[PDB]
Every structure is written in C-alpha cells, then in structure tokens.
Amino acid sequence: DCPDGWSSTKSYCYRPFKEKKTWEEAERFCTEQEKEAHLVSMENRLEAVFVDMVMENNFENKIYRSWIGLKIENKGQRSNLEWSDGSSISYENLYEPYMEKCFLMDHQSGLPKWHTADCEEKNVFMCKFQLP
Amino acid sequence: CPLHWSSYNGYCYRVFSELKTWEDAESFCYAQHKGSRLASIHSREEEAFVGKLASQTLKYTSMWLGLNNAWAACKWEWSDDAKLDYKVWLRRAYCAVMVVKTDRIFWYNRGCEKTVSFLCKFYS
Amino acid sequence: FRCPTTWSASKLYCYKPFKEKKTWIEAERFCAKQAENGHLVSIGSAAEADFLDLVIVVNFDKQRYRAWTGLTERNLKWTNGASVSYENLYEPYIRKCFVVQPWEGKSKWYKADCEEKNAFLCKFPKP
Amino acid sequence: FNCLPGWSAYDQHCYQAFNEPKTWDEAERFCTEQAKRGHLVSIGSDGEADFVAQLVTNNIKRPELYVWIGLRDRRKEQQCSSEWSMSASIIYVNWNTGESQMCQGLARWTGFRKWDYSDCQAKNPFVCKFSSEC
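Chains as they are written, first to last, in the deposited numbering: chain A, 1001 to 1132; chain D, 4001 to 4124; chain B, 2002 to 2128; chain C, 3002 to 3135.
Since the hints were derived computationally from the structure, they do not count as laboratory data. Just so it is clear, CB atoms sit at the ideal spot from N, CA and C, and this is done for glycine as well. Some clues are possibly wrong.
[As the list claims (entries may be wrong)] For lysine-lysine, the following DSS-like pairs were computed, each having C-alpha atoms within a straight-line distance of at most 30 Å: (1) D/4075 with A/1071; (2) D/4087 with C/3062; (3) B/2118 with B/2022; (4) D/4087 with A/1101; (5) A/1122 with B/2078; (6) A/1018 with B/2078; (7) B/2020 with B/2034; (8) C/3115 with D/4087; (9) B/2112 with B/2097; (10) D/4052 with A/1122; (11) A/1113 with B/2078; (12) C/3115 with D/4075; (13) D/4101 with B/2034; (14) A/1101 with B/2097.
[As the list claims (entries may be wrong)] Label-pair distances were calculated between CB atoms; the ranges are: (15) A/1049 with B/2082: 19 to 27 Å; (16) C/3133 with D/4104: 48 to 56 Å; (17) C/3058 with D/4114: 37 to 45 Å.
Given these sequences and hints, build the entire structure.
Below you can see the structure in the form of structure tokens.
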C-alpha cells in the first residue's frame, strides 16, 4: 500500500509537494526515499488525467506549472543521439548551441499541456514509484 | 539597472572596453553591485540578448567569459583530484572567450593569463 | 585489405559519397549492399573528421555540398525506463535526421526532415 | 588489510592488471564490478606512479603497453570539466572547437610511463586500484 498521503490507481503511488525546487533538486529529491524511484511519469493518455486530479484537488486547483520526468539534451553520453554503425558518441559538431531543456506541465484548463522551460526555474513537482 | 547598464528581466548586463586580465576581471565585477559576477549565458534567449549588447557597445569582439574551461580535473573517477601528472603536454588548460564568426557569437579558448575585455553581471 | 576503386581509405575503413539524391531511410540501407557492415558515415574523432572532409570537397567541389550521416535522435527514454509512448508537448517531437554542409573551411551538421532526398556517405571495416 | 588473492599492494591500496584488453568504459566499469568497491588505477603520488609501472611489467612481461588511468574528460554534458564564476551548472554552452571526448592513457616507452591520449574506443589492457576502510 501507499504511505500516508500517497494516492494510488492500481499499483502506482502519487504525491506532489509545495516546496518549489529546480529540476535537478526535484529529480534528486524523490530518489531519496524508502523506494528509490523518479518524478511523475505519464506513459498513457489515461494516467495524464489521473495525475491531474491528485495534483489540483490537492493544490487548491490553483494554476500550477509542475515539473515532469523529461530531460532532453544533445550532449555527453546522455545525448539523445545514436549512430547507425552502433558506435558510441565520442565526437560531435552540431551548429545548434549545446542546450539543456526541462519540459513541464503548464495547466490552464482540463488537461495540462507540455512546454519547455529553463531547467534553472523554481516550480512545484510530483514524485512516483511502483509497488513491489 | 543603473546608467549605461542594460537589463533583461532580473539581471543587468554591460560591456567594458578597457582590456584587463581574466583575474582582475572577476575581482572588478565583484565590486560593482551585490552578487555581481562575470556575465553568464545559460539559455539561447539569453545569448541572443547579449549578441546585441556587445554589438552596440563595441565594433569588434574580444572579451572574457565567466566560463572556466581548462584541462585539470574536478576529481579522478575515484575521488581525489588531479594533483600530480605526467602527460606529454600539448596545450589544454585555457579559458573561454567570445568572438564573431560571420553569425551570432561563438566562444573560443584563450590564455587565462592574458589581457582582454570582459563583462559584468549581477542579479536584481 | 584495400578498398575498391573510387573508394577512399584511411587505415581500417573506406569512404565514398553519392550524388544520387535519396532519403536517409533508403540511403542508410544502400551501404549495407556495398559490403559487410555497410553503414552510413560515422565520424569517430577529430582525426577521422578532418579526413572525411578531404573527400567531400574533391567529389563535390563548388563548395556547397549537403550529404547525410548516420546520426539521428532517440525516442526520449524517461527516467524510469518506458519511452515516450505518450506525446502531448505544445509542439510534436519529431526525430530529426542530421546532415552535413560546408561552413567556411571545415563542415557542420544541421537538422533536416528524415524524408528529404540528398547525398549520403558510406563506410565499412577492411578486415 | 590483506588484499585479495593475486592483488599486489603498498600500504592500503590494492592493484591488479588483467590480461583482457577492452575499450575504456568496459575497463572502468569493470573494476567496480568486483569484490571491493573501487575504480581504475589512479596516480595521485609520485611515489606511487612508477610503482604501478613495475607491477604491470612484472606481469605483462615488461614490454610496451598502454593502460587506462581512468581519466575521462570532454567538453560537454554535466560532466563538469567546466564551470561558471557563479556556480551556475552547465546547461548551455557554445564552443568553437570540435565536440571531441579525449580519453587519456598510460604508455610505457622507456622508463617512467607517459600519459598519452588516444581514442576511447581503443582496445588496451589496464589495471585497477582499490583500498580498505580504517
């Protein structure tokens, strides 16, 4: 079962927070619990609706801008790039500047949208994990 | 922001013509205002913003940058940093800068012990 | 082991461009027909990079080439594990297929729709 | 105290050179997957640098050989290697040079081994380095 405060839908627990933190600190916060996991994750169009309720109903339905489990980047060994030959990435040369995006869930009405935002921003978030 | 200084939304930016080392460049800004440190660029919308400031203040482009490149090593894969070495030596530890390249602005490598212009940046 | 006619060689791999405009999807599988492990060009380091440029200028000239390379984007694997099976971004994410064009002296890789037909490069080991 | 069977030591640090030459990642991520929890060999002292050179040669027949000293340093990713004057974590940079990822090494030409940098996808043997809590 989910701890005190954490909700559930079938086998997953959800519970957001008010303490505004950056993306890193957020992803580095949830991981530091009894059950090592990550931030919120919307895999299907069915969960995105559930995470919306336990987010507003608990946050006074106030227009939030919570973070998410997305972090795309074209740098290092964590870059969203791969080669056909299967060779790893040890050298690059892209015209575009080395970025670091950290999307979020900007809610306005009904279902919250997904928009890019500076990783160095202060907003709310939500954790998530799967029971054993 | 004060006079001669620019403004984005929460931080102020300015350009200095007087060329100075990279060291006194960090100590200089540190004086101006509170939390005043070398100009930083952690966003495209932030880079294109400075690309216009250093274009009206000066004709060319030759100034430092708060970026700290250089070889060295924050710490070996293990824990202890790179105290003693024994490489063949072939130019590595340098400090980034910024010069025009038939477009926006790109940062290049330059001696940290050189004398070139720079910038200052402080929060509101 | 030496590379076939009209095929460059470094020490372990072979290189050769193709003017015939073809999409990345089909150009990526054409090399596989050339020889074993025939995959599109894949720059390893700086040395291997400056090497390829020495051929992209001799086979094209005029200085205005635009070939494709074996470099694409993943499916954005979440922190937990499952990929992005659900996309609701303000702007649909499309796995763009990079290319290569001349930019004074050296070269640079830009982003282009994986549907445009242009030139491409092949490569494969000698052993 | 007392390293594992087949692991030479000096005071508290244990060493051991394998006979299987992998790439770079495999080498580093290999030592960690052992008894004690340590990484590749690290040279943080002159009186310990050549110490490994002799240990290795004493097992690799003493000829020429390149070893990975576990030194990975590039110019991208949040792998540090570069920070700002305001502790601003790296999240946006526009370098001019190539986006390479050099991986140092350890070549033993004649005498004290050198620290030559070669390709990461290279295949050369190596040696680990662990320690014990006190």
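*asked:* Just to be careful, I want the Cα atoms of residue 2118 of chain B and residue 2022 of chain B compared with a cutoff of 30 Å; is the pair within it?
replied: holds, 5 Å
*For the pair we were handed, residue 4052 of chain D and residue 1122 of chain A, check the Cα-Cα distance against 30 Å.*
holds, 28 Å
*Regarding the pair residue 1018 of chain A and residue 2078 of chain B, is the alpha-carbon distance no greater than 30 Å?*
holds, 27 Å
_48 to 56 Å as the expected CB spacing between residue 4104 of chain D and residue 3133 of chain C, which holds or is violated_ = Since residue 3133 of chain C and residue 4104 of chain D have Cβ atoms about 54 Å apart, the given range 48 to 56 Å holds.
*Taking 30 Å as the top limit, are the C-alpha atoms of residue 4087 of chain D and residue 1101 of chain A close enough?*
violated, 37 Å
_Verdict for residue 3058 of chain C, residue 4114 of chain D (Cβ pair) under range 37 to 45 Å_ = holds, 43 Å
*Do the alpha carbons of residue 2020 of chain B and residue 2034 of chain B lie within 30 Å of each other, as the hint requires?*
It holds: about 17 Å lies between the C-alpha atoms, which stays within 30 Å.
*Using the C-beta atoms of residue 1049 of chain A and residue 2082 of chain B, is the stated range 19 to 27 Å upheld?*
About 22 Å separates the Cβ atoms of residue 1049 of chain A and residue 2082 of chain B, which means 19 to 27 Å holds.
*Does residue 2097 of chain B lie within 30 Å of residue 2112 of chain B when you go C-alpha to C-alpha?*
holds, 6 Å
*asked:* Next pair to validate is residue 4075 of chain D with residue 1071 of chain A; report whether the Cα-Cα distance is within 30 Å.
replied: holds, 25 Å
*Take a quick look at whether residue 3115 of chain C and residue 4087 of chain D sit within 30 Å of each other, Cα to Cα.*
Measuring from Cα to Cα gives roughly 6 Å; hence the hint holds.
*Has the given pair, residue 3115 of chain C with residue 4075 of chain D, been kept, meaning a C-alpha gap of at most 30 Å?*
Measuring from Cα to Cα gives roughly 20 Å; hence the hint holds.
The structure shown violates the earlier hints numbered 4 and 13.
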